[PDB]
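Shown here is one chain on its own, the form solved without the named molecule, set out as structure tokens.
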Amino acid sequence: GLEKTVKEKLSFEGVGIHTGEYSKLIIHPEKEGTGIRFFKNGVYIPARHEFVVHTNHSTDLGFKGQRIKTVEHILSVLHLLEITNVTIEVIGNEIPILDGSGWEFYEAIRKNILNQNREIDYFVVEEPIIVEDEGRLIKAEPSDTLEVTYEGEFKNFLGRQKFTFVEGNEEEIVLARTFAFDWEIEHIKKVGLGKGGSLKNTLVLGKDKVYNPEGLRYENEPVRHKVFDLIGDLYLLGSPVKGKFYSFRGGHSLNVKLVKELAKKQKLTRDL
């Protein structure tokens, strides 16, 4: 498809899930060849793996002393809509979490797309690859379309779940919310994170129950969200991606490990 930007500036705002601080975004149109980048305090931070500074419970980027936490959800939405040129100005320290899903970003951006004049140079996975870490695994292989499967094995009533995204089914993952388990939240807070987490933006699960009065949006909401996360992290390759991916219990750290291995393989087709 064609490279795309946004027609008009778009703004979003609200608390960040990890900092608990209120932040604001302004998404700016950009010309062909710009790529996706963030902007904070006069500094541009490209949405690329080289700028990753943290991957525990979120994917965070930084450059020249400026940091932005939790880029994965806005990047996933941009990846899914194939927005390729845009500046995300951040006033604050984190992307707003909103309702925990990509829905608000997705609906607003989808109605505000501007087609541009050259085609997208997709990052096309050229051969099979597997990355592993402590029982977790992610595999990628060539595909003309983006296909992403996540399989989880949860230590509560959910047990084993898997979900597969394919192109055309974007609406199946952009409403799936971030989630946490009650027995893990104390640790997360103790290590300086989750300060903005609440039942308003997080699906909170116990061994045998759901805390949110509204319940789950889908019986497999957690693995839908994990697919959504992975698609955001994959955009750190710097272009929309064509490939078939399977993640078993993956998280941001493993996702970024995969991205870095893929990028290394193709640095001399991509940089040209």
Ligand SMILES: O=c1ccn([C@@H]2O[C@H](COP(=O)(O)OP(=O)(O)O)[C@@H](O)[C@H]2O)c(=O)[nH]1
Given for the second form:
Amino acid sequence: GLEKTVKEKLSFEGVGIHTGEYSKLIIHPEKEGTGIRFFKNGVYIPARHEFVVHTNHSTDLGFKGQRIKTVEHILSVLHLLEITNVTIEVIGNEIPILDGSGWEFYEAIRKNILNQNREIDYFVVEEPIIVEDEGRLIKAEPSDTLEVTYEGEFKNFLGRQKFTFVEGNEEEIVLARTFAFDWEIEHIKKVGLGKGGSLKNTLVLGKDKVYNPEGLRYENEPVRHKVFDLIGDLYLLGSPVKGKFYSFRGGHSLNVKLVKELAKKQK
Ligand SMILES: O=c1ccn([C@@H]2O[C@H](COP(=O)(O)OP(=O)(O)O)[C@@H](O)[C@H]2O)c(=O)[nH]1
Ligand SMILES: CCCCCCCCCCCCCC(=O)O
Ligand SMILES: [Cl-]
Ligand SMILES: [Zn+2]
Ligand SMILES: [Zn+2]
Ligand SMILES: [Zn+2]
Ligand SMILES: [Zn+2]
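Would you mind giving the form solved in complex with the named molecule, to go alongside the form solved without the named molecule above?
What follows is the whole complex; the chain from before opens it.
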């Protein structure tokens, strides 16, 4: 595929899910070979694994004293559309959460794609790898296409289930929203997070219930969202990725751990 940028400046704004603060996003076109980077208070922060500063309840980036929370959703959309050269200017401390999915980013950017004058240099998984953490497991292996499977095993009604993304099925995952369990809310608030969370941007689930009156868009919506998150974290390899991935109960911390091991092996 050819390198891509946006045809013009695109704007997005709203509350950040963790900070509870209003922020604003300006996506700027860039020339061939620039890569994906964030820009904040005069500082460029590359969308790369070396710049990850926190992974507990979001993927956060930082450099030279400037930090940006919650980059996983904008990065997943850029990965899915193969946008390879852009600057994401952030006025604020967090990416806006919007409805908790990738849909608004996806629809706006999809309409404004500009093919450029270079063949993409893909990060291609060259051999099988497995990373583990206390129950959680991710494996990666060589493939001509990006294929991503998440298997969840949840302690509520969701139980054990599985969803697989393959290339060409981007529309199946960009609408899936971020989710939280009711028993997790106290912890999240107590560590100084979740300040912008509500039923308008978060699916809140109990042992037996869905609090959002709109309910779930899909029966496996949370698992589709986890696939969407992993594709965002994978873009921290610095280029679009070619590989087959299986994740059992993974989250941002394990995703970033796999990315770091893949990077140092050097694919
Ligand atoms: O299939 C799963 C199951 C759990 N989790 C998350 O990972 C954490 C692990 O929780 P666990 O069931 O292991 O019990 P805990 O470690 O919180 O005591 C939970 O907060 C879940 O939000 C997940 O991402 N995928
Ligand atoms: C109805 C208001 C309650 C919302 C408070 C919870 C805040 C949502 C936190 C999002 C969960 C983290 C997801 C993640 O990034 O891995
Ligand atoms: Cl924490
Ligand atoms: Zn090509
Ligand atoms: Zn925590
Ligand atoms: Zn997240
Ligand atoms: Zn997410």
